[PDB]
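One letter stands for each residue in the lines below.
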Amino acid sequence: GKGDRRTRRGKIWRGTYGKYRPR
Amino acid sequence: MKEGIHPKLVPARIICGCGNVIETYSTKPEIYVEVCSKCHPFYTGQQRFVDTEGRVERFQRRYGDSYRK
Amino acid sequence: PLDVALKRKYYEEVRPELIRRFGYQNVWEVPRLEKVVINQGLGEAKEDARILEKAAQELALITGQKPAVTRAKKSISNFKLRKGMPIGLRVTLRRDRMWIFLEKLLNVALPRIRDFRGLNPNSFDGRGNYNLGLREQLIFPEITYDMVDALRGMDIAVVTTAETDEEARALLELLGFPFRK
Amino acid sequence: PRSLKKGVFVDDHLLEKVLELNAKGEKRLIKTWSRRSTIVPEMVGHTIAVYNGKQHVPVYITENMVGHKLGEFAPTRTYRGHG
Amino acid sequence: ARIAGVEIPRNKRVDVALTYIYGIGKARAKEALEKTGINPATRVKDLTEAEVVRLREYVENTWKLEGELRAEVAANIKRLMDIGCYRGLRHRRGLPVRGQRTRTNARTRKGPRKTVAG
RNA sequence: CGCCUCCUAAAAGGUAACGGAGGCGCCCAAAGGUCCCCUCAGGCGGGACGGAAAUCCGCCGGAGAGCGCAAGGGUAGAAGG
RNA sequence: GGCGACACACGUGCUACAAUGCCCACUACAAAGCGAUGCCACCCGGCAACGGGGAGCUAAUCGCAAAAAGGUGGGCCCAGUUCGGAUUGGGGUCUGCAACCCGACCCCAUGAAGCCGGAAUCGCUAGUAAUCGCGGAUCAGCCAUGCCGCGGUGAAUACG
Ligand SMILES: [Mg+2]
Ligand SMILES: [Mg+2]
Ligand SMILES: [Mg+2]
Ligand SMILES: [Mg+2]
Ligand SMILES: [Mg+2]
Ligand SMILES: [Mg+2]
Ligand SMILES: [Mg+2]
Ligand SMILES: [Mg+2]
Ligand SMILES: [Mg+2]
Ligand SMILES: [Mg+2]
Ligand SMILES: [Mg+2]
Ligand SMILES: [Mg+2]
Ligand SMILES: [Mg+2]
Ligand SMILES: [Mg+2]
Ligand SMILES: [Mg+2]
Ligand SMILES: [Mg+2]
Ligand SMILES: [Mg+2]
Ligand SMILES: [Mg+2]
Ligand SMILES: [Mg+2]
Ligand SMILES: [Mg+2]
Ligand SMILES: [Mg+2]
Ligand SMILES: [Mg+2]
Ligand SMILES: [Mg+2]
Ligand SMILES: [Mg+2]
Ligand SMILES: [Mg+2]
Ligand SMILES: [Mg+2]
Ligand SMILES: [Mg+2]
Ligand SMILES: [Mg+2]
Ligand SMILES: [Mg+2]
Ligand SMILES: [Mg+2]
Ligand SMILES: [Mg+2]
Ligand SMILES: [Mg+2]
Ligand SMILES: [Mg+2]
Ligand SMILES: [Mg+2]
Ligand SMILES: [Mg+2]
Ligand SMILES: [Zn+2]
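Same order as they appear, the protein sequences are chains u, 4, G, s and m.
Per the deposited numbering, the very first residue in the first sequence carries number 2; after that it's consecutive.
Per the deposited numbering, the very first residue in the second sequence carries number 1; after that it's consecutive.
Per the deposited numbering, the very first residue in the third sequence carries number 2; after that it's consecutive.
Per the deposited numbering, the very first residue in the fourth sequence carries number 2; after that it's consecutive.
Per the deposited numbering, the very first residue in the fifth sequence carries number 2; after that it's consecutive.
Hints are not guaranteed to be accurate.
As the list claims (entries may be wrong) - The calculated SDA-like cross-link candidates involving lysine to any residue, where the alpha carbons are at most 20 Å apart (straight line), are:
#, chain 1, residue 1, chain 2, residue 2
1, G, 182, G, 123
2, 4, 38, G, 2
3, G, 10, G, 168
4, u, 20, m, 79
5, G, 36, G, 69
6, 4, 69, s, 45
7, G, 36, G, 71
8, s, 6, 4, 29
9, 4, 8, 4, 29
10, s, 7, 4, 68
11, G, 8, 4, 11
12, G, 182, 4, 48
13, m, 36, 4, 68
14, m, 65, 4, 67
15, G, 8, G, 94
16, G, 10, 4, 58
17, s, 70, 4, 58
18, m, 31, m, 53
19, G, 10, G, 107
20, s, 70, m, 98
21, 4, 2, G, 168
22, 4, 8, G, 97
23, m, 79, s, 50
24, m, 79, 4, 58
25, s, 18, s, 83
26, s, 25, s, 14
27, s, 18, 4, 67
28, 4, 38, G, 107
29, m, 111, m, 98
In case anyone wonders, no lab produced these hints; they're calculated from the structure.
Take the sequences, apply the hints, and build the full model.
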């Protein structure tokens with residue numbers, strides 16, 4: 002869900018980028 | 001040796017993942033294993049596994065030293 | 002008698018080295034191997050289950066010998082056990098079957114133990130005997146994951162003709178028992 | 002933590018103390034407030050009195066406590082328990 | 002004992018089954034499949050013995066796993082507890098180590114509630 | 001208030017008191033007959049779960065165990081398993 | 001140094017307990033705002049946070065900026081699970097003189113409770129509820145799941 006930093010949804014919720022939510 | 005109550009033993013082979021073939025007598029004439037005595041790390045001297053750096057927990061990094069001495 | 006490699010190795014490489022190290026003047030002074038006794042203290046089959054049959058079948062496959070039932074010698078409330086009820090199994094291995102079982106143990110059973118770092122060097126009886134304890138039964142080659150229903154351990158008694166620990170220790174390391182430092 | 006492109010931080014007022022000790026009779030009892038200062042391997046062997054906000058706690062440094070900070074070895078709150 | 006002394010479940014894909022090993026996650030369960038030439042889409046029950054032995058060898062050679070990893074973690078926690086570190090002190094009492102609040106919450110560490118008389 | 005065991009009871013037997021202590025009014029279809037085999041309690045050391053104490057191994061241990069139920073006598077060269 | 005304590009008790013919230021779902025890839029569609037010790041295009045290096053070059057924009061011109069739910073295709077097949085993401089170990093980035101007490105973020109490993117919640121109790125009558133994302137003030141950085149705003153999709157029911 003939104004509480005997991007290792008997913009697209011979780012990175013979107015935290016407003017950050019990384020391997021799972023690239024820019 | 002009583003009769004009718006003991007599983008009869010037959011000649012058998014045990015094959016390991018490392019290709020080792022051990023010859024013995026067993027109740028099953030063909031056995032396959034994943035580790036034997038000739039490839040287990042504790043038997044082949046040390047066979048250092050994924051951990052081999054002695055934990056390097058002392059001051060054995062020297063952590064730079066580019067700062068003033 | 003079946004030509005077991007472990008018995009062959011004892012008479013070829015171990016006996017001549019033992020007399021070299023300890024200087025026995027008699028060929029019957031050098032330590033021999035007497036018997037192996039495997040005990041399974043189930044304790045869960047007192048009255049809640051007749052699951053002794055499942056363990057008897059598994060033990061017979063590992064050693065080739067049908068084990069015998071051991072009964073309680075008295076009643077104890079704290080264990081909720083009555084006198085005369087079956088609470089264990091035991092099998093005695095001698096001669097060829099003794100040699101065959103130890104060869105499998107040293108070669109295909111002990112290497113399969115989780116986080117094996119060697120055997121206890123302080124488990125020697127003090128008069129020339131050794132005892133080790135196992136927690137798992139699926140490490141033996143004849144046991145597969147399919148027919149395993151419950152986890153069970155055992156105690157293995159190794160009895161030698163050696164009089165002292167130091168002479169019994171020498172026989173076991175040469176035979177192939179790996180010990181911790 | 003601190004970035005490795007930067008060096009490990011020492012306040013340079015306690016570093017001068019241990020350095021001056023190392024060549025002038027290298028064992029005494031130093032009192033410091035720099036809880037943020039990182040322990041250095043040179044600091045091993047010294048007994049440093051670190052402020053907890055109320056008192057100086059003596060800390061004897063060893064090898065396995067080199068990368069930490071001094072403040073982690075002077076607890077600041079006294080709890081015991083409830084009751 | 003199939004891989005690293007553990008039995009990865011059948012009827013599941015190899016990448017999903019690998020994560021059942023202590024020390025192996027989804028990222029490593031993809032790395033161990035992109036370095037042994039094995040399709041992640043296949044089930045564990047359908048694998049050639051060469052694939053199984055190569056995967057086992059590569060996994061047990063690459064990463065510290067299972068009991069060895071547990072020993073490393075426990076040794077690190079013991080090191081923190083012995084030297085009198087603040088994290089060591091909070092490991093002694095079973096309290097949060099990463100600076101969380103303890104007036105409320107902190108139930109994963111402290112366990113069940115222990116209501117008293119107010 | 002009948003019966004059994006010990007003491008009092010004075011080294012044969014017997015011996016009183018509202019003298020000193022305890023039990024019985026059953027039980028077992030094997031806990032009976034015979035043949036064959038076996039030998040304890042305890043202590044020390046070793047052994048997965050498993051401990052003061054389960055089951056297993058080694059050593060010492062002559063009867064301190066056991067013998068359905070009180071006590072006494074008897075008893076492993078068995079009356080015990 | 002403390003306001004960050006911690007046998008406990010309460011209020012307001014956030015995330016869930018799954019298939020009208022979760023994950024992955026591609027592909028659409030807003031509004032209102034902010035930006036000169038600033039916003040940062042694009043290119044290069046690292047899985048990444050980010051770092052090194054370096055345009056344009058004192059901004060209906062350049063940037064933040066990717067909207068997300070959606071649409072298409074594939075994977076998972078009823079499990080404490082490819083549900084859930086707490087706790088902890090390790091390796092790092094950045095801000096700051098300085099992240100131990102006491103910051104945020106990235107990566108690896110760990111993968112807790114939780115199977116829809118007792119007595120009880122709250123909001124809401126239409127572009128409302130529900131659900132999805134976006135901006136701003138404070139501000140070096142941020143413990144914002146708060147607050148003030150903005151738009152997307154869009155119900156049920158009112159007998160009395
Ligand atoms: Mg002996
Ligand atoms: Mg795993
Ligand atoms: Mg009368
Ligand atoms: Mg009568
Ligand atoms: Mg007389
Ligand atoms: Mg007489
Ligand atoms: Mg007389
Ligand atoms: Mg008279
Ligand atoms: Mg008279
Ligand atoms: Mg009377
Ligand atoms: Mg009388
Ligand atoms: Mg009596
Ligand atoms: Mg009576
Ligand atoms: Mg009577
Ligand atoms: Mg009868
Ligand atoms: Mg009788
Ligand atoms: Mg009789
Ligand atoms: Mg007696
Ligand atoms: Mg009685
Ligand atoms: Mg008698
Ligand atoms: Mg007797
Ligand atoms: Mg006798
Ligand atoms: Mg406050
Ligand atoms: Mg706190
Ligand atoms: Mg309130
Ligand atoms: Mg609440
Ligand atoms: Mg939340
Ligand atoms: Mg899961
Ligand atoms: Mg998940
Ligand atoms: Mg801080
Ligand atoms: Mg649970
Ligand atoms: Mg469920
Ligand atoms: Mg209420
Ligand atoms: Mg109204
Ligand atoms: Mg909140
Ligand atoms: Zn092998």
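Now the hints, each set against the structure:
no.	hint	in the structure
1	182 (chain G) to 123 (chain G)	holds (11 Å)
2	38 (chain 4) to 2 (chain G)	violated (27 Å)
3	10 (chain G) to 168 (chain G)	holds (18 Å)
4	20 (chain u) to 79 (chain m)	violated (34 Å)
5	36 (chain G) to 69 (chain G)	holds (16 Å)
6	69 (chain 4) to 45 (chain s)	holds (15 Å)
7	36 (chain G) to 71 (chain G)	holds (19 Å)
8	6 (chain s) to 29 (chain 4)	violated (63 Å)
9	8 (chain 4) to 29 (chain 4)	holds (11 Å)
10	7 (chain s) to 68 (chain 4)	holds (13 Å)
11	8 (chain G) to 11 (chain 4)	holds (16 Å)
12	182 (chain G) to 48 (chain 4)	holds (17 Å)
13	36 (chain m) to 68 (chain 4)	violated (45 Å)
14	65 (chain m) to 67 (chain 4)	violated (35 Å)
15	8 (chain G) to 94 (chain G)	holds (14 Å)
16	10 (chain G) to 58 (chain 4)	violated (46 Å)
17	70 (chain s) to 58 (chain 4)	holds (16 Å)
18	31 (chain m) to 53 (chain m)	holds (15 Å)
19	10 (chain G) to 107 (chain G)	holds (13 Å)
20	70 (chain s) to 98 (chain m)	holds (16 Å)
21	2 (chain 4) to 168 (chain G)	violated (35 Å)
22	8 (chain 4) to 97 (chain G)	holds (13 Å)
23	79 (chain m) to 50 (chain s)	violated (25 Å)
24	79 (chain m) to 58 (chain 4)	holds (15 Å)
25	18 (chain s) to 83 (chain s)	violated (41 Å)
26	25 (chain s) to 14 (chain s)	holds (17 Å)
27	18 (chain s) to 67 (chain 4)	holds (16 Å)
28	38 (chain 4) to 107 (chain G)	holds (11 Å)
29	111 (chain m) to 98 (chain m)	holds (12 Å)
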